[PDB]
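Quick setup: one chain, the form deposited in one PDB entry, written in structure tokens, and binding and motion questions come after.
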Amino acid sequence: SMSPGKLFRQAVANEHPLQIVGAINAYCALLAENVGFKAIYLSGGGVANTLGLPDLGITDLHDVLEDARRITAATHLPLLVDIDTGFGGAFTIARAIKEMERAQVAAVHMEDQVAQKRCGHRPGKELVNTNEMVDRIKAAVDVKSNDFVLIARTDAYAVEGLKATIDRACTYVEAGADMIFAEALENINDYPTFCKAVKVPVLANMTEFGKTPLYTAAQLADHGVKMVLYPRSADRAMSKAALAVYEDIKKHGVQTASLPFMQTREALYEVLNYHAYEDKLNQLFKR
């Protein structure tokens, strides 16, 4: 039938561009589905921050895997998962790929940042040599099914400029990476060059409050981008909404003022497809 990795490859192809929305949990995935998104995303920083932790590589394969499993249990919508640098050496990478496949994950992204750091080493954005990242990619490709999508993420644009970035990316593709992930380029007219040089489908990361700008989906597609990621958008809005409710309750002693801002029970039941549970019991049993 349709394998997760296939569904992702297909979505990447038939969408122009493919919009991929972050969802921090299964219910958010169901909202995204209901709105008609074709692919969803589990953000690494999202996993950490939702646990109340900074995005400093404290989390491991199990933290991400559990959140991924929760999502894929609720939806068949193809899921892309941030695996950071792969959580360790060759065999850990291999374990990550195999477990993500077992969890019905469609795609992962893995990046060219350094991991191997002294105990007390400060938060940084340092790149590994091209060869080290090649090794990472080989480790993953060795175990992956054909369908399953490995996205190589480079963080080198910010540090090494467009040319060095195209050079890394191309080497990553020949090491077996299926697709490429780069931050949103500083100039949308850098994109046609970047995309035609790497040939494989390219992902532009539309973060908020970062160094990088926002462009529209149409705009990015017209400049040769095939995937556009919104890694934390919903999450940031959820947090503002929650904080507002808490502040309301604390200040007013009741949640009256917040009621207009709440999803209705009726809408919640519809997203959960509650009726289909009732109908299932009527369809199968009696009494």
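Between two forms, the rigid core is defined as the largest C-alpha subset superposing within 1.5 Å. Residue numbers count along the first chain shown, from 1. Compared with the form deposited in another entry:
Core-based superposition between these two forms shows that, of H76, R122, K196, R102, only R122 has its Cα displaced by 2 Å or more. Core-superposed comparison between these two forms: CA of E278 displaced by 2 Å or more.
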Given for the second form:
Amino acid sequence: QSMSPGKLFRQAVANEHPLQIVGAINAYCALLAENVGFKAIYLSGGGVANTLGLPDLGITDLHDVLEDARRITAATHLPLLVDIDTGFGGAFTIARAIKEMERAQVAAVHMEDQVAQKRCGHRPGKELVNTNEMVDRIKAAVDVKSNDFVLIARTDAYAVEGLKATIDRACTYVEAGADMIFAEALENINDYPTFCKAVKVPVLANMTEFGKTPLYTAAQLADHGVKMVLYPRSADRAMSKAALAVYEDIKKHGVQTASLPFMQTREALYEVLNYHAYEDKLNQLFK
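Shown: the form deposited in one PDB entry; wanted: the form deposited in another entry:
Chain only, nothing else included.
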């Protein structure tokens, strides 16, 4: 208990091979992930926007993300990695973002080298800031962060500038104070061993679906020197399909009978929540 969220995350990176980090859009999903046995969870920036019905276009601000993060960390001590896009503004905003995330009991954040009006890392038409501007971002963050807290610098540079230039950026970023590196949308697993060796610090691979990356296995990615594997939206995408199906079912058939087999049971829900321990205490109070 008395270990800091940052420390828990660093320890999960070290002891797992590799550490699988799964996205959760809300506290209950975080609980499901914990129950399944994952050692780290993730708050997706795109998830934050999409869940509000907004596109992933840097419309959201620190408060949209912070509120979602707080809800999660209130429900579980499982170390949480939070997407903070490009830091929500200049040096002062970045400092605020870091301080606030720490205050919200967050374990780690990732900040990237795109320009302000950012987009999904697997989409075309991304624009990057120069190495210097990103170093500035990193300095603002490290200047105010605690030791244990993990800053993951994310580079979106591979698809635009190629492997060599990307490694250069990552190395400068580590130099500037980044703890770990998020190598976004490396298209070939053979890139990783050379990337991981050059940057030295733990590297995260983003195994998102419907992107520019093939879906490799955790084992494969570990063998190529990767320390963290991210599943940013996987559960959310399944959740949406399931929800739509229930709605269609209710609309078409005037009843949800057909959906019942696809629903988690009341008892399983109670299990995840520890509901019975609470209602029992409530009946003892009522007598």
